[PDB]
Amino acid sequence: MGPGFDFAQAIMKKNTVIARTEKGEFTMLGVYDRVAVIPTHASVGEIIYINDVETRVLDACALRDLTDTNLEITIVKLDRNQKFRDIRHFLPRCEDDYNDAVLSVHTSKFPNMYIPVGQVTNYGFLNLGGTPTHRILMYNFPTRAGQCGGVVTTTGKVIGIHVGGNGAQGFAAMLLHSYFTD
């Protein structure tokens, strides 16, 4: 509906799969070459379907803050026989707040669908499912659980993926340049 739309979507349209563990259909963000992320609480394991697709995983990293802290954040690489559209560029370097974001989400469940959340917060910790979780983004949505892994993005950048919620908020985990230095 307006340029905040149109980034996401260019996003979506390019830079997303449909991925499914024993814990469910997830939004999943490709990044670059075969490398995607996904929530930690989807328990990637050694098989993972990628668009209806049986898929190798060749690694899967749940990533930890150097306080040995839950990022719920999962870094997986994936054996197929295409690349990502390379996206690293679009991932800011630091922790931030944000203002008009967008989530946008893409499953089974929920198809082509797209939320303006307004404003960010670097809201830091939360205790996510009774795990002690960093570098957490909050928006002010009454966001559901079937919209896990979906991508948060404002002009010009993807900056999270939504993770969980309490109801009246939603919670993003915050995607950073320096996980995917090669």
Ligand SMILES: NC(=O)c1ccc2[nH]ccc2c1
Given for the second form:
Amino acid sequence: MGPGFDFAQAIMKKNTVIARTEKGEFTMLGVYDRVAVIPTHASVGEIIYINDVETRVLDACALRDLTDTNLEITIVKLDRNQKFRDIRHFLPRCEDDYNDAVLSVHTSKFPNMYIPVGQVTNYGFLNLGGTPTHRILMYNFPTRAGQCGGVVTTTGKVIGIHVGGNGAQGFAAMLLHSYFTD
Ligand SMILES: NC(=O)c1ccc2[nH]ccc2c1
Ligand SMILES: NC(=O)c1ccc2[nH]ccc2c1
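Please give the corresponding structure for the form solved in complex with the named molecule, as opposed to the form deposited without the named molecule shown earlier.
Expanding to the full complex; the earlier chain stays at the top.
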């Protein structure tokens, strides 16, 4: 509907797959080469389904900060025959607040879904499902069970992936450029 939705759509159309684990279907953001991200609560194993194709996981790393606190991001390398468009230059370098973000989801349950979530706060610490978690972004939209792993964007930046909510607010784990240096 506007330039925010334009940038979000450009990311969804080229840099997302539908990931299925034993814990459900997730929006999964491809970042570069065969490297993607997913919420750590997806519990990625040795095999994952990518757009309903059985795919070997070559590596999976649940990220933690240097205080050894959960970040809720898992970086996955997929045994896929095709690379993602490299979008690392759209990743922020530092922790920040944002105006006018869009949360975008693509699953069997929620195809082609885009939500204008508005102002995004650098919230920081959250007890997420009982797990102390750092680098959380917060937005005032009643997000539902199923939007997790969804890409949070502003115009020109991919800033996070949806990892939870409390019925009134939604919470995203930051993406930082430094996570994807090769
Ligand atoms: N995520 C939501 O809060 C939300 C609101 C209205 C809806 N109607 C169809 C799906 C849906 C999701
Ligand atoms: N609170 C929520 O809306 C919530 C909780 C757990 C979830 N797992 C993946 C999506 C998601 C959303």
